[PDB]
Amino acid sequence: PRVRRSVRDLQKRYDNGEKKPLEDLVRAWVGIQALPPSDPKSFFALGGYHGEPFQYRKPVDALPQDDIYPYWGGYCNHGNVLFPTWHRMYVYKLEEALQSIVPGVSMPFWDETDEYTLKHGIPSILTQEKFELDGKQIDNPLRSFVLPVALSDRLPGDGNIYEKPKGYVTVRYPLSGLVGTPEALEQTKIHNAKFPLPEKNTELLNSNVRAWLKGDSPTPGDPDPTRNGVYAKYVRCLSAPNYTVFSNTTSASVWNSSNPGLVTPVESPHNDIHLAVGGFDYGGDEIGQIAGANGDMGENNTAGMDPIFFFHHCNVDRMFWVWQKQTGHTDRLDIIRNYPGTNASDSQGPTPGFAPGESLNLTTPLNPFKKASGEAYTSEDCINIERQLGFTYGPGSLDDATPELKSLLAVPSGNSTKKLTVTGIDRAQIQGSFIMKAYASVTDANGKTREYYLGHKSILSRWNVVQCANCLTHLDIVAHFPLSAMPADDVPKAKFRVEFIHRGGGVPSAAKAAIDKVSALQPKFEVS
Amino acid sequence: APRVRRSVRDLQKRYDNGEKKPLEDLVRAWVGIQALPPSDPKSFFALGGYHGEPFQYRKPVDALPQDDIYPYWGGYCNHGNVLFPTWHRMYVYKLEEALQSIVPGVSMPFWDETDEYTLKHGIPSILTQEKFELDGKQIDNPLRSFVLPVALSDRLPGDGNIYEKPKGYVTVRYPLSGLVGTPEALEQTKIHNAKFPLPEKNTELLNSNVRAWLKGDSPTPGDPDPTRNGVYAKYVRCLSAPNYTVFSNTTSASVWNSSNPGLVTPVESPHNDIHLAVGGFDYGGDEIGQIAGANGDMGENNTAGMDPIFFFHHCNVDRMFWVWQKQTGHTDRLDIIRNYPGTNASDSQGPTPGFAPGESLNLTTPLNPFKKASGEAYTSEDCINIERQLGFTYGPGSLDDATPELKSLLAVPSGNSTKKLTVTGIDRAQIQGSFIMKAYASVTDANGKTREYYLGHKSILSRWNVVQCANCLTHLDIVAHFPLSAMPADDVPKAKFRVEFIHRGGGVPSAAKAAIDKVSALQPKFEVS
Ligand SMILES: [Cu+2]
Ligand SMILES: [Cu+2]
Ligand SMILES: [Cu+2]
Ligand SMILES: [Cu+2]
Ligand SMILES: [O]
Ligand SMILES: [O]
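Protein chains in written order, with the entry's author numbering: chain D, 7 to 534; chain C, 6 to 534.
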């Protein structure tokens with residue numbers, strides 16, 4: 007049974023004399039990036055499966071505003087119960103291509119919650135410019151990917167924000183990569199000119215990733231993860247009561263509207279990391295509403311084209327394995343039938359070959375992945391990673407439940423165990439990912455006022471190219487926040503607010519309308 | 006001074022003892038409403054029309070390939086969503102307003118489907134009777150059926166479909182059939198209805214079928230004796246629904262029953278059963294075959310609205326809503342679990358006109374096409390309290406008290422199973438018309454011999470569809486829950502379960518063979534909780 011390890015581990019081993027592990031990893035990645043785009047083991051093909059390049063439903067795209075519905079032209083499952091197992095298979099399938107080059111090689115995980123990441127950000131092997139392979143200096147293949155062919159719909163006369171030219175290089179925070187219209191490219195050029203130094207950019211990113219994990223501005227001593235950060239949310243997720251609500255944000259959201267307390271699906275901190283690496287400043291609501299760093303990882307469209315997507319998803323799979331171990335679901339999973347999250351119409355809408363209204367279950371095929379026999383993989387094929395897929399997860403953060411982790415999530419004596427529901431944000435238009443941050447102020451009769459931060463919600467979403475003015479996806483926003491930061495007697499005095507950080511329509515001609523709508527929103531606040 | 010909606014059976018008792026001015030007012034009002042011209046939004050044609058047909062279409066959705074198409078509803082009524090109880094509340098209210106425009110002050114009464122009369126004798130004859138004595142001349146009874154004053158027609162050149170019904174079409178109930186819009190359908194309807202030429206006999210068959218439904222078995226003489234499986238038991242169970250969301254509709258109740266121990270019955274469920282009883286399904290149909298050929302107006306949502314008994318039945322559904330409102334403390338407040346199945350326009354029948362696929366339904370959303378004095382759309386907010394907001398109440402009637410009897414009818418007998426059966430493995434079914442599922446269990450002991458248990462019924466009240474590919478019908482995943490309270494707890498793990506279907510056979514002889522084969526080829530999947 008092969009072991010997948012912490013990549014920080016492979017890097018320490020490299021710096022201490024033992025280099026074949028990191029060198030094997032790099033060699034295999036060089037190998038798959040060099041395969042041609044038409045080869046289904048090429049990194050371009052593999053990154054392609056997630057999102058773009060898309061398959062369209064032209065009859066749906068022409069529907070009027072009252073009849074149109076959202077769908078997904080990529081194969082990835084998001085906001086549904088196939089989120090964990092589809093990505094499980096996806097990483098496994100890219101490991102298979104790596105093995106094409108270097109037999110027996112294992113895909114490590116970026117351990118997002120280890121001590122190194124809390125204190126120093128992303129392991130440098132994922133950001134370094136260069137690497138020593140066969141005593142030669144090569145370009146580090148994990149830093150980014152150059153597109154061998156264009157992402158293009160090849161429609162004569164047309165260019166949209168989905169499209170990226172041949173030679174396009176993937177980018178992370180703080181850079182922008184939306185280049186398919188003249189407007190987006192121009193704004194991208196202006197935005198990137200504000201971040202011209204690669205070394206400074208790497209620092210900015212490491213600092214944002216630490217701030218996301220912490221849940222507040224990074225401290226220079228020991229890490230001190232608060233209850234609101236991505237550390238806390240990954241911990242909370244290992245307590246999800248059942249697979250259905252562990253698995254996705256649609257299921258967990260309705261569970262949290264219908265049951266006491268709060269569950270966190272693994273998809274939730276996973277969304278957090280996307281936005282962190284992919285262009286959102288945790289502190290962004292102290293500055294403005296618009297996150298202009300349109301990086302590949304920040305939306306599902308081209309996230310799969312960035313190598314770090316697989317190191318991150320390797321850690322997401324890890325967390326799913328750990329949840330399986332700690333809750334005894336190593337061999338069997340269950341789905342609440344017809345629960346929100348089990349429908350192809352949920353969230354991103356249906357993937358290719360699915361229809362509106364169609365159920366999703368453990369037998370549903372995880373396209374486009376196929377076995378040696380040519381038969382479609384299903385969730386049944388990949389529940390026990392040791393038994394059916396032939397690999398395990400080495401040791402890393404969070405794999406044991408402990409007193410320290412229990413006291414992190416726990417309500418300070420005399421603080422509210424209640425929860426806040428934010429709604430009244432009905433039928434908002436979706437262009438790109440966005441974040442919500444909730445706060446509370448309380449004012450005494452004597453006039454003193456305290457301020458409370460209640461936490462964040464990351465909606466990982468997509469770019470959308472539509473055929474009419476008002477034909478974007480509509481979404482009801484619903485968000486639940488703990489009140490644990492507040493003392494219980496302040497809750498009835500409280501005045502709540504939310505701040506959004508969003509894409510502003512993707513381009514400058516869409517920005518003022520986006521800002522006006524968000525500023526106009528009058529959310530409803532409900533205390534349990 | 007809240008007006009009093011009464012039992013129509015009570016109004017007939019009083020007519021027979023010489024107090025005739027209440028039932029004469031009702032009938033007078035229904036005559037006046039049926040004689041208004043069709044363009045008048047108070048004409049029974051327009052009121053009946055609001056529920057379903059005449060349809061508003063979404064021509065670009067009708068044109069979609071089979072992978073992209075989705076169901077939608079061209080009528081205004083809400084079914085399988087949280088607006089079912091409140092939309093229909095306002096529909097009955099608005100019909101009542103129309104009646105009042107003909108006879109000031111009149112109250113729309115309710116067919117008490119669960120009183121001792123209905124259990125023993127079926128429908129009160131005031132609703133089935135051919136004739137009625139008003140102002141000296143004996144008139145046609147407007148409550149027994151309705152004549153269309155204009156066609157239900159899409160007026161398309163060269164086309165005719167099962168939605169369409171000619172001017173002069175008369176609504177029908179079990180045992181008659183009423184699909185007439187293609188030649189095959191009209192032929193079958195003529196042949197079928199000619200087997201049933203006597204009105205008196207037809208009424209007896211209807212009353213017998215209604216009584217069978219209510220009971221859960223063949224109607225027995227004397228003490229009606231409802232079982233745990235009948236529509237009586239189901240209405241009783243719906244008053245224990247833990248919240249409004251799952252009380253309100255079949256979609257919410259279904260997901261609840263998949264995700265909580267025990268069994269909830271929404272009010273829409275017994276309501277569905279009455280529709281099918283009156284609109285063409287024989288409770289004991291599964292002893293005869295799979296097809297229910299009596300295509301009555303009440304049996305599908307398409308034209309049910311045009312049969313006057315719709316409003317007597319729904320007046321009782323509203324009463325049951327009120328009774329649940331009374332017994333659970335929601336006379337003044339309702340709430341909806343946010344994003345729960347049943348809170349989306351995409352659910353069940355699909356979006357009504359105006360609405361968009363993923364759009365949410367709450368106590369705020371307009372109950373089209375109903376409108377107050379101020380031209381502003383009604384909402385559920387406007388009709389939570391019937392006493393304070395609408396100025397009417399429900400007089401006494403069956404089931405309005407919790408009662409030892411009711412308890413030990415739904416009670417699990419001693420040693421019998423408290424477990425639940427879940428029926429599954431029936432995915433992507435094509436829907437043409439309403440259908441019924443009936444669940445059974447056999448148990449062979451070691452001594453070779455076999456017992457049979459009836460576990461109950463599930464009515465899917467649905468719709469006739471007209472589509473533009475063979476493969477393009479609405480697809481439904483069928484999930485059903487049945488109690489095992491009928492069988493002894495130690496018989497359960499030995500049990501071999503089965504379901505039978507009674508369905509419309511595609512509506513026409515030419516679709517019947519295909520439909521029978523598809524059903525016979527289902528391999529349902531069974532699970533015990
Ligand atoms: Cu993904
Ligand atoms: Cu991801
Ligand atoms: Cu209805
Ligand atoms: Cu009805
Ligand atoms: O993702
Ligand atoms: O209905």
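Just so you know, not all the hints are guaranteed correct.
[Unchecked claim] Some but not every residue of chain D turned toward chain C, in silico, with C-beta under 7 Å: (1) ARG63; (2) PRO65; (3) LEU69; (4) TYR75; (5) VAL260; (6) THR336; (7) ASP340; (8) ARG343; (9) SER365; (10) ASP482.
[As the list claims (entries may be wrong)] With a straight-line cut-off of 25 Å between C-alpha atoms, the simulated DMTMM-like cross-links for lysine to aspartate or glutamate are: (11) C:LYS64 - D:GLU364; (12) D:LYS425 - D:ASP450; (13) C:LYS376 - D:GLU381; (14) D:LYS47 - D:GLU364; (15) D:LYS530 - C:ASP387.
Keep in mind that the hints were calculated from the coordinates and are not lab data.
For each residue, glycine too, the CB sits at the ideal point set by N, CA and C.
Going down the list of hints, with the structure as the test:
no. : hint                : verdict
1   : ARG63               : holds, 5 Å
2   : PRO65               : holds, 5 Å
3   : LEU69               : holds, 5 Å
4   : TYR75               : holds, 4 Å
5   : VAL260              : holds, 5 Å
6   : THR336              : violated, 22 Å
7   : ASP340              : violated, 11 Å
8   : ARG343              : holds, 5 Å
9   : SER365              : holds, 5 Å
10  : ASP482              : holds, 5 Å
11  : C:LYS64 - D:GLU364  : holds, 22 Å
12  : D:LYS425 - D:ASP450 : holds, 22 Å
13  : C:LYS376 - D:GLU381 : violated, 57 Å
14  : D:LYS47 - D:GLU364  : violated, 30 Å
15  : D:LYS530 - C:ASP387 : holds, 20 Å
The earlier numbered hints that this structure contradicts are 6, 7, 13, 14.
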